[PDB]
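Given next, in structure tokens, is a single chain: the form deposited without the named molecule.
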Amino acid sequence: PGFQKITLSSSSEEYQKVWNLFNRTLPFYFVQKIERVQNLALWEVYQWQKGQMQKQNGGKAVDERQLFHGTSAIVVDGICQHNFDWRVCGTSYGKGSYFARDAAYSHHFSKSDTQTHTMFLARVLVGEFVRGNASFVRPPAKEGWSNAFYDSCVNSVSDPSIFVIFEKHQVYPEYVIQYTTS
């Protein structure tokens, strides 16, 4: 309705860039399809959010990453339209949407009763992160009154592999990847 999914050719740069990231940690699985998600509304919001975060970061570029999110085929179109939402879908670093450095992590949270799975690659404004906590419903504030708040939570500040996002405006669902464990 407000989005399109464009199937990419395996001979394209774009396909192979996405494939490369997946293959970093799931070389033993087989990618069957990659689709580019085009949602102008979600894109406009995301780019605005990025601009606002840059201003609030003393005018410096925002930490922005391409991160994986395990899904199921049935919820793909809902995400493409409305964005990710944590209260639709292990160790908790807060009550937000989880995004992983590694596809292999996302594979663990990708629900299927068959060998065929789906995950997103998403563009994520992680900004300034802090270690999360099961009780967090938003990123905490830094010490001191009306000081800065963080932008995301992580499992580890020194070696972050999981990012928790509490604001949909910080995510753009970029690619849908279908693969098999066969």
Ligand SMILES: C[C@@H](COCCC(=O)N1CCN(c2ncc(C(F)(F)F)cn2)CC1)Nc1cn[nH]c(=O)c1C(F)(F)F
Contents of the next structure:
Protein chains: 2
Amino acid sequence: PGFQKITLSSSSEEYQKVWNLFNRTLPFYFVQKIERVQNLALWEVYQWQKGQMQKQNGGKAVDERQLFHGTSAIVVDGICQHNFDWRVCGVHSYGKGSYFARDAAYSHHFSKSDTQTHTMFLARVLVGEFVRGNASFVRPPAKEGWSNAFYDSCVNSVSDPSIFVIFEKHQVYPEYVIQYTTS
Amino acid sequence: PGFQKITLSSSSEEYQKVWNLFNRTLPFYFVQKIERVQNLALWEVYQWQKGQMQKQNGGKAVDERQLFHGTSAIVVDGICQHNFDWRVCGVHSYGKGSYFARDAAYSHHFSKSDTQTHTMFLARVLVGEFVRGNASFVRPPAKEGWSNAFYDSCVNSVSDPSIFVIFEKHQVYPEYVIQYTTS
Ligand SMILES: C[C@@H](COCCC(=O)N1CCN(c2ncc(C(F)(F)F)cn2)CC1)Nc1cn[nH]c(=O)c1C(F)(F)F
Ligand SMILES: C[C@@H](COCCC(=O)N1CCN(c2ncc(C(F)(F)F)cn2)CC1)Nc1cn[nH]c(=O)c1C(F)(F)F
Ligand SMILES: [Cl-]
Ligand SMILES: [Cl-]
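Now that you have shown the form deposited without the named molecule, what about the form deposited with the named molecule bound?
Up next: the whole complex, starting with the chain shown before.
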């Protein structure tokens, strides 16, 4: 089995936090469901990655963000079980990694349906320290002035990031599935 | 459940037919397993599509081919349950459709692993009547001199095709999964 999706009540704090983040940039759309994803196997490897990044950061808390990923309904269960893996599709770019967006409105362009109902993840991402990306990058580049340290993620802007590229699947947990309609 | 994968004995006729087709263009590689995919739901919709194409062809047999598709191991079960759907990834082309290759050696470029073991489908495809494709095509174009008939698939060459683009998932059954190594 591996995972459960728990449908949230729309009057719950947990639902309202996810809804608020979605509604911030897709206010003209209508949310039909929000499910919490429970996959203890994906959460264990995420927490292990986090502990490794925390140690490498002097023992201080790693930069961790909730970021959107628009998908097709048909892969949702595959991602809840196996996580995001950019190697399924490739990219043809800010890096050959999985992409996540700050804005639901940006991830909406990648939620394909042929139907009224669209699906989007809100994922938990250990972005850590980031730098601008490049379409050649297969992993994040070295930090200047360090002989033995690399960035954790690539972005569009360091002063103002809105897209993140993740090269390691253990840096992501697919935390929530959002179903919505555009009318 | 939906599907079973039945591992074939390597001394069976059924295994030798698949192996022969793979070995034709990847003779330097080593096949480790061949599984027959049994999904009665995917086979029913394939046979219904076939009957529709047969009626449209004057009741005569539709052009049907065994064509390769290289994948990652992580989507194999998803395809055995849900079939090929090009809308998972998009294309960025001979058409926005699922691609299949005559030659295993060509599909090998899309079998990603980070391991020794690679995976490839041999799918059953109702290619029907075909015409050259184009990166704009979202479905196959009209037949010249017909007011109410379209092609069934797009290709690279009509006199000599080697790549097929399929826009309708009911035109494909994922019949066999091939695992092989490159050493
Ligand atoms: C510009 C575009 C680039 O996208 C890069 C592709 C990507 O990141 N992928 C695709 C394949 N994937 C996956 N597929 C099936 C499975 C399972 F489980 F079935 F095997 C697992 N993983 C992991 C995610 N950016 C997108 C693309 N899609 N959605 C957005 O939100 C965004 C962006 F940029 F807005 F965040
Ligand atoms: C040039 C390249 C263009 O490929 C076009 C993409 C394509 O056809 N796809 C990708 C996504 N897909 C799928 N993904 C996950 C699922 C599930 F179940 F997880 F949801 C279902 N469907 C259906 C197939 N051509 C390839 C690409 N890959 N392999 C080859 O052999 C070839 C070619 F051309 F050599 F035949
Ligand atoms: Cl990834
Ligand atoms: Cl398709």
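Residues that one form lacks are left out of the comparison. Numbering follows the first chain given and starts at 1. What we label the rigid core is the largest C-alpha set whose atoms superpose within 1.5 Å from one form to the other.
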Checklist entry - Any chance the CA of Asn147 moves 2 angstroms or more between these two forms, core superposed? => result yes
